[PDB]
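Engineer: Below, each chain spelled out in residue letters.
Number of protein chains: 4
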Amino acid sequence: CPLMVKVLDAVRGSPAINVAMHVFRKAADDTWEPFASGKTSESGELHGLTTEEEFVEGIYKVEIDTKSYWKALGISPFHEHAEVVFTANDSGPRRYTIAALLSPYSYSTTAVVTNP
Amino acid sequence: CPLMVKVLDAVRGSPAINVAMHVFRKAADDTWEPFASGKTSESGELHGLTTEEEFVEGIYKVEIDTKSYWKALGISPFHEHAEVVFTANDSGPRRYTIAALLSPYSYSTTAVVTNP
Amino acid sequence: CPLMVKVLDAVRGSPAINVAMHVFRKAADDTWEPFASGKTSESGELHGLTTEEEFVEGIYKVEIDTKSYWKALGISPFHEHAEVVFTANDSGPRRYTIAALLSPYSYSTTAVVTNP
Amino acid sequence: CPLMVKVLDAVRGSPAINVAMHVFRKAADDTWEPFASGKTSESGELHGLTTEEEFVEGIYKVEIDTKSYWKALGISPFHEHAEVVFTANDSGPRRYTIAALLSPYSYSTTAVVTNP
Ligand SMILES: COc1cc(O)cc(/C=C/c2ccc(O)cc2)c1
Ligand SMILES: COc1cc(O)cc(/C=C/c2ccc(O)cc2)c1
Ligand code: NA
Ligand code: NA
Ligand code: NA
Ligand code: NA
Numbered sequence: 010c011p012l013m014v015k016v017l018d019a020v021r022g023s024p025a026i027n028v029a030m031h032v033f034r035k036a037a038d039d040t041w042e043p044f045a046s047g048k049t050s051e052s053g054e055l056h057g058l059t060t061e062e063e064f065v066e067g068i069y070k071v072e073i074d075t076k077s078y079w080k081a082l083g084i085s086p087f088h089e090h091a092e093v094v095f096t097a098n099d100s101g102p103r104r105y106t107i108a109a110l111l112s113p114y115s116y117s118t119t120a121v122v123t124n125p
Numbered sequence: 010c011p012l013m014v015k016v017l018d019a020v021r022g023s024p025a026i027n028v029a030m031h032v033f034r035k036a037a038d039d040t041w042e043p044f045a046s047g048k049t050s051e052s053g054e055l056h057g058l059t060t061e062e063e064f065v066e067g068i069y070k071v072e073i074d075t076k077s078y079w080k081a082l083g084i085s086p087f088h089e090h091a092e093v094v095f096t097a098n099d100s101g102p103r104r105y106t107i108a109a110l111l112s113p114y115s116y117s118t119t120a121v122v123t124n125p
Numbered sequence: 010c011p012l013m014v015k016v017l018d019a020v021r022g023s024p025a026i027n028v029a030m031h032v033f034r035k036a037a038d039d040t041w042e043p044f045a046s047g048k049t050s051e052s053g054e055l056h057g058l059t060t061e062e063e064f065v066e067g068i069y070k071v072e073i074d075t076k077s078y079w080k081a082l083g084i085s086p087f088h089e090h091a092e093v094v095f096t097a098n099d100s101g102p103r104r105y106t107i108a109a110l111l112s113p114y115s116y117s118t119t120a121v122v123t124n125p
Numbered sequence: 010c011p012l013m014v015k016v017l018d019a020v021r022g023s024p025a026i027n028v029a030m031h032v033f034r035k036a037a038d039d040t041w042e043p044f045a046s047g048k049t050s051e052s053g054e055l056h057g058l059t060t061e062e063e064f065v066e067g068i069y070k071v072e073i074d075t076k077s078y079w080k081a082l083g084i085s086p087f088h089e090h091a092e093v094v095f096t097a098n099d100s101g102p103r104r105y106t107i108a109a110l111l112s113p114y115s116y117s118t119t120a121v122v123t124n125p
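Residue numbers (PDB author numbering), protein chains in the order written: chain B, 10 to 125; chain A, 10 to 125; chain B', 10 to 125; chain A', 10 to 125. A prime marks a further copy of an entry chain.
A couple of the hints might just be wrong.
It does not matter which identical chain is used: a pair holds within one copy or between any two.
Unchecked claim - For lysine to any residue, the following SDA-like pairs were computed, each having C-alpha atoms within a straight-line distance of at most 20 angstroms: (1) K35 - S52; (2) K76 - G57; (3) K80 - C10; (4) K76 - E66; (5) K80 - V20; (6) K76 - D99; (7) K48 - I26; (8) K76 - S100; (9) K15 - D99; (10) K76 - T96.
If you are wondering where the hints come from, they were derived from the structure by calculation, not from laboratory data.
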């Protein structure tokens, strides 16, 4: 899996299910071009975003709609979304797992990068 | 001081000093307009970004240049920046403290929102 | 898996491999009785700590030797260990995943609790 | 003030006020001796726990009573407490700020260590 995103709920102690996100790749003119998208499964995971051959060097942005997640639970959260912006594949292919841990007024994110 | 940002270094156990950041505000055409910028002090804090009169309702983005911070220490980090995007002052004026805790492959951010 | 522990390295962007931990259960006299132990795999995970029938209500402590992990990388960390203390199984069996994200001067921990 | 503790609430976006904590110091027989205790103020801070003369080299544990904090808000949290165990002052006197960011099923802790 070249790119996987895992989202956890720090309030309820559960995967964060049905969390929507879009992935963009920065174009030569500094605009954000659409690249991938999806929503998390019952395990809190989103797999299948891209393929190795399509996922080349670039600056990528994962924009996670955390606000909709909290609003569906009746909570007015702080953030509009959680963003993760990173250069990928600049030393050739790697496998990336982006994890996000969500609370209404806070998020934490980490990456695991593995060489195939 | 209705907006303050504090940045901590989870590797060295210190404030994150001389970290640059830029603040943007979403315009009516949905573009990001420059709003303020600055660098953290020896305490890891950036004060004086705005004023009560200038800090109107809106969607704001703080982009913290974590990449330059790590690179100056000889570390090639994961993220291009740490981002915080939030609606401010929509129920009247509030004071916001944004805190960020930085590691090379992870960051955590929280907000403290107070009604004066 | 009644109890699994997953450990991640926020500095290197990797699983934290070969991290040792012991699990204790609080006895009636408030002392900590040995309960389980192991070290993380190449995936950063420790499975097989207990079985459903052995893992009953109690206060459990997972004591993770983070200091040895950092010292092996030539780093003098802040914490002696990372501890996670929690009541488990007070409403009957659950499955617990404890995750820890490590930096030299910081750790973050979360739990995912699932009803079988 | 060589030891200060600051506690933040990631759910409400506020300092964590009136949070109790106890500090222990490891004795020569490896038992935990009571060292100091207190409660956080309206700013989420606990100052005045110790003095330069009293805060000798040793292994210290801060146990923050997060369980009572969440229960008072009607939340049944995961952890019994948030724990920070560390060696202090082994290379001479330092000033320590321990920060903790709390959610019902997660906590994050960091240290800022300064040489006066
Ligand atoms: C005065 O020392 C301070 C002041 C302050 O406003 C915040 C913090 C810590 C914030 C923080 C963020 C994220 C984390 O994961 C863990 C702590 C420490
Ligand atoms: C439960 O299974 C998993 C799989 C995984 O890849 C990561 C995590 C936790 C990530 C995480 C992020 C931020 C934090 O502050 C603390 C943990 C948990
Ligand atoms: Na390259
Ligand atoms: Na309004
Ligand atoms: Na019960
Ligand atoms: Na010494």
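Engineer: Could you tell me which of the numbered hints above are not met by this structure, giving the numbers in increasing order?
Structural biologist: Of the numbered hints given earlier, those the structure breaks are 1, 2, 3 and 9, listed in rising order.
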